[PDB]
Amino acid sequence: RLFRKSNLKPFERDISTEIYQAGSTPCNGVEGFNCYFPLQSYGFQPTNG
Amino acid sequence: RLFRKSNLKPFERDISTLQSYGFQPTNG
Numbered sequence: 454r455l456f457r458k459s460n461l462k463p464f465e466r467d468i469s470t471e472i473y474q475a476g477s478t479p480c481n482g483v484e485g486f487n488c489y490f491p492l493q494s495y496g497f498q499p500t501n502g
Numbered sequence: 454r455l456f457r458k459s460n461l462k463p464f465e466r467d468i469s470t492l493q494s495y496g497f498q499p500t501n502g
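Taken in sequence, the protein lines are chains I and B.
Residue numbering for the first sequence follows the deposited numbering, beginning at 454 and increasing consecutively.
Quick note, the second sequence lines up with residues 454 to 470, 492 to 502 if you use the deposited numbering.
To be clear, the hints were calculated from the coordinates, so they are not data collected in a lab.
Do not rely on the hints blindly, as some may be mistaken.
What the hints assert, rightly or not - Okay, the calculated beta carbon distance ranges per label pair:
(1) B:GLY496 x I:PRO499: 30 to 38 Å
(2) B:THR500 x I:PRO463: 23 to 31 Å
(3) B:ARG466 x I:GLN498: 40 to 48 Å
To be verified - Below, simulated SDA-like cross-link-like pairs (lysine to any residue); rule was C-alpha separation at most 20 Å, straight line:
(4) I:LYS458 x B:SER494
(5) I:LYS458 x B:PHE456
(6) I:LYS458 x B:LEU492
(7) I:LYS458 x B:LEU455
(8) I:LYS458 x B:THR500
(9) I:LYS458 x I:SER469
(10) I:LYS458 x B:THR470
(11) I:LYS462 x B:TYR495
(12) I:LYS458 x B:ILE468
(13) B:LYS458 x I:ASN460
Note that CB positions come from ideal geometry on N, CA and C, so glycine has one too.
Produce the entire structure from the sequences given, and follow the hints as far as they go.
Right, dumping it as structure tokens:
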């Protein structure tokens with residue numbers, strides 16, 4: 454997760470995966486110019502740092 | 454909007470993000 458509505462309390466986890474709205478204009482649940490999905494993936498390499 | 458850090462100056466709008495609103499046809 455990279456975006457959230459607010460901060461997270463200690464020992465609290467969240468499962469819901471919806472597009473995180475940041476600059477209004479709801480994106481009808483897809484990636485948007487203002488609102489952005491907080492759930493992304495890592496890229497791992499065998500020869501990275 | 455129902456929550457904010459402080460009061461809003463006149464003729465100032467904010468786009469940063492908020493709760494949805496419900497309408498009924500047979501309401502008051």
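Here is how each hint holds up against the structure:
Distance hint for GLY496 (chain B) and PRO499 (chain I): a CB-CB separation of about 53 Å, inconsistent with the stated range 30 to 38 Å. Range check, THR500 (chain B) to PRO463 (chain I): about 46 Å between beta-carbon atoms, so the 23 to 31 Å window is missed. In this structure the hint that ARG466 (chain B) and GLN498 (chain I) lie 40 to 48 Å apart at CB holds, the actual value being about 45 Å. Between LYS458 (chain I) and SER494 (chain B) the alpha-carbon distance is near 15 Å, which keeps this suggested pair within the 20 Å criterion.
Of the supplied pair hints, the one linking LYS458 (chain I) and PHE456 (chain B) holds, its CA atoms being roughly 12 Å apart against a limit of 20 Å. Between the alpha carbons of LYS458 (chain I) and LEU492 (chain B) the distance comes to roughly 10 Å, so the proposed pair stays at or under 20 Å and holds. Note on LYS458 (chain I) and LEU455 (chain B): the hinted pairing holds, with a Cα-Cα distance of about 14 Å set against a maximum of 20 Å. For the hint linking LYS458 (chain I) to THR500 (chain B), the alpha-carbon distance of about 34 Å lies beyond 20 Å, and the restraint is violated.
Using a Cα cut-off of 20 Å, the hinted pair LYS458 (chain I) and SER469 (chain I) holds, with the two alpha carbons roughly 12 Å apart. For the hint pairing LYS458 (chain I) with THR470 (chain B), the CA-to-CA distance comes to about 8 Å; that is within 20 Å, so the pair holds. Distance restraint check for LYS462 (chain I) and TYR495 (chain B): the Cα-Cα separation of roughly 27 Å exceeds the 20 Å cut-off, and the hinted pair is therefore not satisfied. Annotation: proposed proximity of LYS458 (chain I) to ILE468 (chain B) holds, straight-line Cα distance about 14 Å (limit 20 Å).
For the given pair, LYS458 (chain B) sits about 15 Å from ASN460 (chain I) by alpha-carbon distance, which is consistent with the 20 Å threshold.
Hints 1, 2, 8, 11 from the list above are not met by this structure, while the remaining hints are.
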